[PDB]
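Presented as C-alpha cells, the chain that follows is alone, the form deposited in one PDB entry.
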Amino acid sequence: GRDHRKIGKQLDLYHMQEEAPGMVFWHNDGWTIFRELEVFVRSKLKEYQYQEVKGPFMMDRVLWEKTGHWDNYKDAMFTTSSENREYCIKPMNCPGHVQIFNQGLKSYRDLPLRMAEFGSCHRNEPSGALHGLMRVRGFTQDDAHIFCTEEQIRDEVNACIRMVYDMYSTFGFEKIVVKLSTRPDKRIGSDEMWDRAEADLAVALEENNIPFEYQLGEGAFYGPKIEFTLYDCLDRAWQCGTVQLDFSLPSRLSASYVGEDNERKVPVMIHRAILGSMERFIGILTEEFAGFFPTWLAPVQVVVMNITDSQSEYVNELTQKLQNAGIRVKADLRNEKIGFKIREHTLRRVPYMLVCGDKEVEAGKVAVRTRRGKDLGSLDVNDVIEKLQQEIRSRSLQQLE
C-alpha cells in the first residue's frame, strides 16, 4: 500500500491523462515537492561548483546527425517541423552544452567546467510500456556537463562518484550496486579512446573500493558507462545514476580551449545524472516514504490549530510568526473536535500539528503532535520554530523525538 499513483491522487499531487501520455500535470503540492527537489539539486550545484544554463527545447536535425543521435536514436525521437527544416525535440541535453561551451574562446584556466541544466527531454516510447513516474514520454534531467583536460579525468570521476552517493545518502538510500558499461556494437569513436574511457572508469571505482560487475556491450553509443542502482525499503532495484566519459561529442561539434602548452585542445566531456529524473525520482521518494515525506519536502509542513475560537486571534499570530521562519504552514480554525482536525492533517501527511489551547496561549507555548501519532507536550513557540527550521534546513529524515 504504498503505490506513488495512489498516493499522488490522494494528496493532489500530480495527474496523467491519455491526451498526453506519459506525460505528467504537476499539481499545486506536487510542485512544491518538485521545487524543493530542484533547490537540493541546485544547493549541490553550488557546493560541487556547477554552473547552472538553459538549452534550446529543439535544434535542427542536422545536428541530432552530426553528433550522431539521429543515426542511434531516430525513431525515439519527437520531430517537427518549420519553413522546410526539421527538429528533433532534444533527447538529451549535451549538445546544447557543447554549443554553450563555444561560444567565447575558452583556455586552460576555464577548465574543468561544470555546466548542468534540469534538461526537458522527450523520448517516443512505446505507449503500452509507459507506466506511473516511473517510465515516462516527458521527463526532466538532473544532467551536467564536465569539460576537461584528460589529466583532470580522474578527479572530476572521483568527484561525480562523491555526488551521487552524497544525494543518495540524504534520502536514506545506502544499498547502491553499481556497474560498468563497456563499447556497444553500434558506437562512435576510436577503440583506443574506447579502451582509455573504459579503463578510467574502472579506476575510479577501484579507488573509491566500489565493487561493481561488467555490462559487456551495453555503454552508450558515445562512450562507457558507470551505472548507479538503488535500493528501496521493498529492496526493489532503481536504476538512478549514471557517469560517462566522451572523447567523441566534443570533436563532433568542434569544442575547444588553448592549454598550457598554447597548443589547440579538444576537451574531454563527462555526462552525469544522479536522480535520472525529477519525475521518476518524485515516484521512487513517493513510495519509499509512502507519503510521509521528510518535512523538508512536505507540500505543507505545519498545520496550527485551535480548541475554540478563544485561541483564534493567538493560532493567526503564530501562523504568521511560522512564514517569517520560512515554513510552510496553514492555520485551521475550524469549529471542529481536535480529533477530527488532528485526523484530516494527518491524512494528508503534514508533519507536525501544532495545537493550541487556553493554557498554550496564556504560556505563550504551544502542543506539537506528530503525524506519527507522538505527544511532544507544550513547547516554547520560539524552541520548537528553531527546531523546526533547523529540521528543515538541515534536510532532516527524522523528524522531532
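Numbering follows the first chain given and starts at 1. Compared with the form deposited in another entry:
- Two rigid parts rotate between these two forms; their hinge, judged among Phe228, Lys265, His145, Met278, coincides with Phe228.
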Contents of the next structure:
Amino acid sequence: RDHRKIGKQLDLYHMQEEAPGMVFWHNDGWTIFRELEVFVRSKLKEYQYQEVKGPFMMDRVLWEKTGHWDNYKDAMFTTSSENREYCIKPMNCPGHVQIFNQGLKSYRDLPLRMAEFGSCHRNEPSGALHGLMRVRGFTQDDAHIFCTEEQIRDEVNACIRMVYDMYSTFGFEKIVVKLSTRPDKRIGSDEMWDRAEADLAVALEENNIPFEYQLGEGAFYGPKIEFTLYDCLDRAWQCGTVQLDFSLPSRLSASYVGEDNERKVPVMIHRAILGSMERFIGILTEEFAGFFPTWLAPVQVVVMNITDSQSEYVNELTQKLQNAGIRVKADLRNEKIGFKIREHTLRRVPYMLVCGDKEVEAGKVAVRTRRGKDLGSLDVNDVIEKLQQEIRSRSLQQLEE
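With the form deposited in one PDB entry already on screen, would you show the form deposited in another entry?
Since only the chain itself is given, any partners or molecules it might have are not part of what comes next.
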C-alpha cells in the first residue's frame, strides 16, 4: 500500500531532484489522471459549472490587491520580465474574478459557477516533499460560485451534495466534518458572520450531516466547511473545502446589476472536493493497493492466446474492444498462458480474456480477473456490453460469475 512503490512498479510516474515536488506523469499514470478529469467534468455538467483556463502567471501588482500578498509572498515563485515582477499562481481565485470581470454581469447570471483544473505552484521547502502527497506543482479540482447573499444556502447545499456524491464513487463513506468560525483578525460585521456561519450550519443540518465547530479557525475573509475522508486502513485525509469569501470580490472590483438596477458586490464561494489531484491519485493508489477500478485502470483488458493457433481470433477480439472504447492490449507473445496471466495480474489489469480452441470454436472468450476469479466462457458481445456498463457506471465491483 505504498503509492511510491506501486507508482514505480506500475510505471505511473517518477520524481527527480532536478524538479523537486513536480510530477513526471508516465503514459499509464497520465491515463489515470485524465480519466479522473473526465469524471470531475461529468460532475461539473450535472451541477451546472462552467470550465475555464487561466494563465500561469500574473503581475505582482494584481496579487498585491487580492488581500493575500503578505500571507503568500514567501510561498510564491516569482519571475521577472521588462522591469515587471510576475507571480506563478498558487491559487486560481483571482484569475476567475478576472474572467467574471469581462462583460457586464446581471442578477440573471447568478449563481455563476466557474471550475478549473488550474495548475498551481507553491514554493515549499524541499525537505517537506513526499511523493504525490506533498508537491510543489499541483492541480486542484477548484471552482468558484459567484452568488447573492440569499443564494448562499442553496449553493452550499449543492456543494455538500457534490462532495458526498464524488467521495462515494471511490468507496469513501466515513466522512468527518468541521465548521470553522470567525477568527480574531477578520473583515466584515458581526451580523455578516452570524449569517454566514448560520448558512453553513443550516446547510449541514438540512442534510443530516454531523459536524463540530472549530472556534477561531476560519479565514480572515469568511467561515469554511472542511471534509475529511477515511480510507480502508481508517487513516484520515482532509480533502474537501467549502469556503465563503466576503473579501476578494470587492478587492478585485467584482460587481453585478441587481433587480433594483443598483450595483452590488457578489459573494464568492471557494470549493474543492478532491483537493490536490496528484495527492488524491496517491490516496486512491493506497486505498486500492494498485487495483484501480476498471474505469480508472490504465489497461482495462488484456486479450491473450494459449498457442499461436488463436492469434487471429485474439486480433479480431482486440479490435472489437477498441471499437467499444475500451483500453485493450493483445498479448501474443510466445509464453505460457500462466506466465501471461501472472504478469498482467501483477500489472493489475482488471480483466484477462483467454482464447483457447473451445473459446474460438464456440465464438466465446474465457474471462479471468486480477483477483484470480475464473468467470468461465462467455459470449463475446455479452462481455463487451458488461464491460461497458461497468466502465459507464464507474463501479467499484468487477463482474459476477
